[PDB]
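**Student:** Using the sequences and the accompanying hints, generate a full structural model.
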Amino acid sequence: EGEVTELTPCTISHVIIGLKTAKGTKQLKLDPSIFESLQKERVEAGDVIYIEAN
Amino acid sequence: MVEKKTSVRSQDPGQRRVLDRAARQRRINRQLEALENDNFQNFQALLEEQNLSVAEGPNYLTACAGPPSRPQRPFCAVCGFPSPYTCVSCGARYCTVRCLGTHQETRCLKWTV
Amino acid sequence: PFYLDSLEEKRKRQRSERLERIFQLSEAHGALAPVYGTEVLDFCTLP
Amino acid sequence: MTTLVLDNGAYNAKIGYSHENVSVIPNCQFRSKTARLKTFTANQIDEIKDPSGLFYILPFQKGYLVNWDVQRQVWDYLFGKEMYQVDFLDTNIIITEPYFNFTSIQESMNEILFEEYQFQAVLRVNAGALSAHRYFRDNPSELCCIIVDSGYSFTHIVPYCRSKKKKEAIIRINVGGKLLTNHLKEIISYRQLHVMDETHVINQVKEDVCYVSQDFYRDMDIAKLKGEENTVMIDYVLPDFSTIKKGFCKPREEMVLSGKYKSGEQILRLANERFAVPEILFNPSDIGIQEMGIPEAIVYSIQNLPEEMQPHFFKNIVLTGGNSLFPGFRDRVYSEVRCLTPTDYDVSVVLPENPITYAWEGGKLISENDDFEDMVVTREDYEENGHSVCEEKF
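Respectively, the protein sequence lines represent chains A, B, C and D.
Throughout the first sequence, residue numbering follows full-length UniProt numbering, covering 132 to 141, 153 to 196 in sequence.
Throughout the second sequence, residue numbering follows full-length UniProt numbering, covering 1 to 41, 83 to 154 in sequence.
Taking full-length UniProt numbering, the leading residue of the third sequence gets 1883, the next gets one more, and so forth.
Taking full-length UniProt numbering, the leading residue of the fourth sequence gets 1, the next gets one more, and so forth.
Check each hint, because a few of them may be wrong.
Claimed, not checked - Simulated restraints on C-beta separations:
id	chain 1	residue 1	chain 2	residue 2	range
1	A	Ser179	D	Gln290	30 to 40 Å
2	A	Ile191	B	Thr127	30 to 40 Å
3	B	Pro109	D	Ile112	32 to 42 Å
4	D	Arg31	B	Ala34	17 to 27 Å
5	B	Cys105	D	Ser388	25 to 35 Å
6	A	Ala195	B	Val95	49 to 59 Å
7	C	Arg1895	B	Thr127	49 to 59 Å
No wet-lab data here; the hints were simulated from the structure.
Note that the Cβ used here is the ideal one computed from N, Cα and C, for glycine as well.
**Tutor:** As structure tokens, then:
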């Protein structure tokens, strides 16, 4: 969880998503199926999200 | 005795003719340079040697960061506190009816010449 | 410059974490079987 | 060896003899309406009984030595015999320069300094490089530090890879102490007490109560809250110079909440802006500027080319300059840059004990250090390759 700083899907092989919190930023690689949920929730950079790992 | 201001009748706004758009920019620009200004409430030499310094390589002019990612925040400008409102004419921001009153009486439209 | 000796160690650490979690999840997502399963229902389901 | 360590900045003149001098001087002249006709140069401001309403004659504008006469008078005086004695002949001088001095300005400097003071090398160098030398001295292992020059009218985020100012990822930002002070001046007077002429007294207040509120929004809320508490508590009793010489903050126990004092003191000041000014230093776009706060520019720099470097980059953050003195500056700056730096990548935000003299301390060490009698450049060599030798070395 964090503020999403960027989303880039890479037919989509995966999606890279950047997440920010008060203790720094981390670049995540996300399973492309998850990339459906992101569009369903209308997430875009500057939103705060809680993508659950399992 | 009399109300003693009908003689001077300064504003008498039947013909007010608002100042807007580019004029706002002028005001903004003015304020910026005033905050950038100096003792009096050589700059021409600074501008001259700066216009000597114009080039595409890494230099004074090309060292400017630019616009910020974090968007601009509102502030009141009369007391400096966060301001939900904007003045319809000049676009300057404020946070109460009282602050709009003071602004309309001293800073709205009066210093745009 | 150079590379931080601790930075590469941390990268190794979290790569190991990442792979162990691929194992955990790929096992957990295939751990139990259907009560019937698709071909049983296909065989039973009449026109 | 002995060197005229120079810090010719618009507001500060940390010139020394390489012998524990750390002398700040006004790189400016003053005209006091009270003191009839006298262009008080450098520390002569202390001769002024009433420094109210002083007209500042500044050699620098946006920090670019201009009019040259102010700086001349100042320099001469500094040397003089009363301040630093008449000692030129071999007493080589070390000079600081704005990151991107407009050639002609300090090129003419080079000339004057040499063929108008005539004494062993000038070794003119950006203050940031001197502070970088000092940092690397006390931080041998470290690689690249920012000379975060939160100074008078300037604030630069700068790559320094081992005494190598990368003139590509240097963010000069803007809005330094000078601005902050003037902005306060307006705010103060327009709100109350149209005293926006005294400058220096308001500056006292500017570095007497002003601070970097940790939570700007929360702090705001409290400060703009009726009754007691509400943080507030400034009531800076500015001196009229007929009563006192420097203003001071009234103790919280003596503050009259009604604002009506019986003592005849100039008893205004209402707080709040205390954190706003430093906030402007950090949180930009409020005043109107479009540049991003120093934390942002720091991170920006770190993301330069050398991906391996970036880690060391923030692990060597050096908040230097004047503005850095602002209470909370260090912690605020860290907090932001850390929340912007990659988690794994460790962020180390430090601050020199005196980020004002740090430059002079460095330059002094460098003077004592060798490879300075080497490298170098003076009239001796200036007598052959004009200024080409100079710029070649600097």
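**Student:** For each hint, tell me whether it holds in the structure or not.
**Tutor:** Hints, verified against the model:
| no. | hint | in the structure |
| --- | --- | --- |
| 1 | A:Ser179 / D:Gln290: 30 to 40 Å | 36 Å, holds |
| 2 | A:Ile191 / B:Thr127: 30 to 40 Å | 32 Å, holds |
| 3 | B:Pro109 / D:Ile112: 32 to 42 Å | 41 Å, holds |
| 4 | D:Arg31 / B:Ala34: 17 to 27 Å | 22 Å, holds |
| 5 | B:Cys105 / D:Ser388: 25 to 35 Å | 30 Å, holds |
| 6 | A:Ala195 / B:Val95: 49 to 59 Å | 53 Å, holds |
| 7 | C:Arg1895 / B:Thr127: 49 to 59 Å | 52 Å, holds |
Figure legend: structure checked against the earlier numbered hints; every hint is met.
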